[PDB]
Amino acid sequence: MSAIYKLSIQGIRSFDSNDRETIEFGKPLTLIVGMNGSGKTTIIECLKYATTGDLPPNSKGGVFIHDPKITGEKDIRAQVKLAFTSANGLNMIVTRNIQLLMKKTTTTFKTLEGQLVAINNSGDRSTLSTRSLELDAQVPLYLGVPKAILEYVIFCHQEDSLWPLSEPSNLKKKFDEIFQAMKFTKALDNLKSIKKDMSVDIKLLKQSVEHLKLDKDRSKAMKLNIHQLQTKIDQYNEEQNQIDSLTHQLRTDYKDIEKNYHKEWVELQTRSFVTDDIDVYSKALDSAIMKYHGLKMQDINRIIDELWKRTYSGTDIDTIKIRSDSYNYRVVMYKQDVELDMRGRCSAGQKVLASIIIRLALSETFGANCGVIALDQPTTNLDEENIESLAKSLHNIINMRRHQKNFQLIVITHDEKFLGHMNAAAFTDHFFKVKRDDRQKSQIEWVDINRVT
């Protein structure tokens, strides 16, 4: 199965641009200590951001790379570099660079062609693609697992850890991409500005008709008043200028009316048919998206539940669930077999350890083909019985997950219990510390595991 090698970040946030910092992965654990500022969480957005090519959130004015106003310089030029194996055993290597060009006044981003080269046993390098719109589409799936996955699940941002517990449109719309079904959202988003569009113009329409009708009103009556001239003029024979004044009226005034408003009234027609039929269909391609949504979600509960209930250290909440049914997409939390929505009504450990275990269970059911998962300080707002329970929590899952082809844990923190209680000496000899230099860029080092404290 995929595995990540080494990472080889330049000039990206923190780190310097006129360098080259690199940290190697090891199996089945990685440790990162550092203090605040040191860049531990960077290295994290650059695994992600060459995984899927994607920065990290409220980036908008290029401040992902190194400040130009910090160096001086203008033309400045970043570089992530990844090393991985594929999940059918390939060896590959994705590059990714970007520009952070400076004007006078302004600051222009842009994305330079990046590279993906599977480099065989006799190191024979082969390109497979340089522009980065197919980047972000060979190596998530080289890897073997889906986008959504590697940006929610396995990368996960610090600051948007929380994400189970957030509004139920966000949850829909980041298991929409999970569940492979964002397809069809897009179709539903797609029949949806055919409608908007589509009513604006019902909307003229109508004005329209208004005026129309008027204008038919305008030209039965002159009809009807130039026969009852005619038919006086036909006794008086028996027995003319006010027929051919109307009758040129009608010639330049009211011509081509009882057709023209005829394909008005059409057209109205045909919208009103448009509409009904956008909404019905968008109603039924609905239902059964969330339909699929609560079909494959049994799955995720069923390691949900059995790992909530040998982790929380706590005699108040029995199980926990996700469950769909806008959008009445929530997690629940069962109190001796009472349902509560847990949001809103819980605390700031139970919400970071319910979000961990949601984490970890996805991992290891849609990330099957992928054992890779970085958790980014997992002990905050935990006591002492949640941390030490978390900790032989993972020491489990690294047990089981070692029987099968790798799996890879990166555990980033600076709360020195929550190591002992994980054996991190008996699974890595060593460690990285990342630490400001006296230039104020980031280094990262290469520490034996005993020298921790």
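Only the largest set of C-alpha atoms that superpose within 1.5 Å between the two forms is called the rigid core. Positions refer to the first chain, counted from 1. First, how it differs from the form deposited in another entry.
- Rigid core superposed between these two forms, residues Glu306, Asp318, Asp160, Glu339 considered: the one with a C-alpha shift of 2 Å or more is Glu306.
- The rigid-core alignment places the CA of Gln377 less than 2 Å apart between these two forms.
- After superposing the rigid core, the C-alpha of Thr30 moves by less than 2 Å between these two forms.
- Taking 2 Å as the criterion, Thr413 does not count as shifted between these two forms: its C-alpha moves by less than this amount when the rigid core is aligned.
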Second form
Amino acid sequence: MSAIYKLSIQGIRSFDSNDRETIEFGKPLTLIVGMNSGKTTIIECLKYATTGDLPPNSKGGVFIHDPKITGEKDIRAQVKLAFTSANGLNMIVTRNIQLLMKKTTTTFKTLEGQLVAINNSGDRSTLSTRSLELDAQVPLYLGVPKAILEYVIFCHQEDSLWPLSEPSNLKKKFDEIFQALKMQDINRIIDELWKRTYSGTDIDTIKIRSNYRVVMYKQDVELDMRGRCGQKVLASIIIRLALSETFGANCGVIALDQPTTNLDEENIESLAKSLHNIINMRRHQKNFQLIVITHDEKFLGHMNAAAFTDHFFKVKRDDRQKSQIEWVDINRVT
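Compare with the form deposited in one PDB entry: the form deposited in another entry:
Only one chain is given; partner chains and other molecules are left out.
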């Protein structure tokens, strides 16, 4: 894959509309910490300007900082995302989205962006400005398929438990990854972690058999857990940590927005063993940056945070209800 250098969360969510504040990344891990302030929407700003992925249940531009909280009649946001690419052809592209208001309305629209191609010396070059072509091209040189970064790599903090809903949505969703008999290895990598991490003495191995569902294997017969399923979130984690591994690889690797939901000690200590094994086996691969957003001490203190990075990108909030990311070294976490 290819790394991401920076984004630009200017005037979105809880970061102020005045000052540009972006945080940077780490390799082969990008740890984030803090109280539930910025973090869960840091994941929202990568696909936001890449494909125009507004959050579901959002039409009136709720994501931009509301003018009434500040107190003026013209507030907006920008995202220009100075990041890398496949052959090191770094790029910058801004999404000119505004919360500007009419007489008493909240009319929503856009403006033109950019398609610069950053030179290794500095002589950049733009291509074409259209936002439709923006969402056509930024995935093209970004890599990962146009239906995976929103759900698999950069999922939401509560769209994470997606595969355990119903057959039809998932069955029509899997077409986009296929971009239309090729499904043979995704369930192959769906159970070794299940054997390793999931200390459950009930079930052998899940599959995704065609009604795409969450079939348990109870003594070689399929005791379906679609409706008869912690096992849900854990199976969801593994389903993501196979789809991120098989199909597409050119941007990020994995961004687990609080994977450790509803799992106990004999599961929480064994949770990150498969993460470490994935890091170590996939560190032969030229790129990996496991983005975890977590405030679980018994989860952080197992995977030896002081053994892979010198920093966790911490997020806090100032006096004026603006979140300000600081820089605290690896040891200082308790």
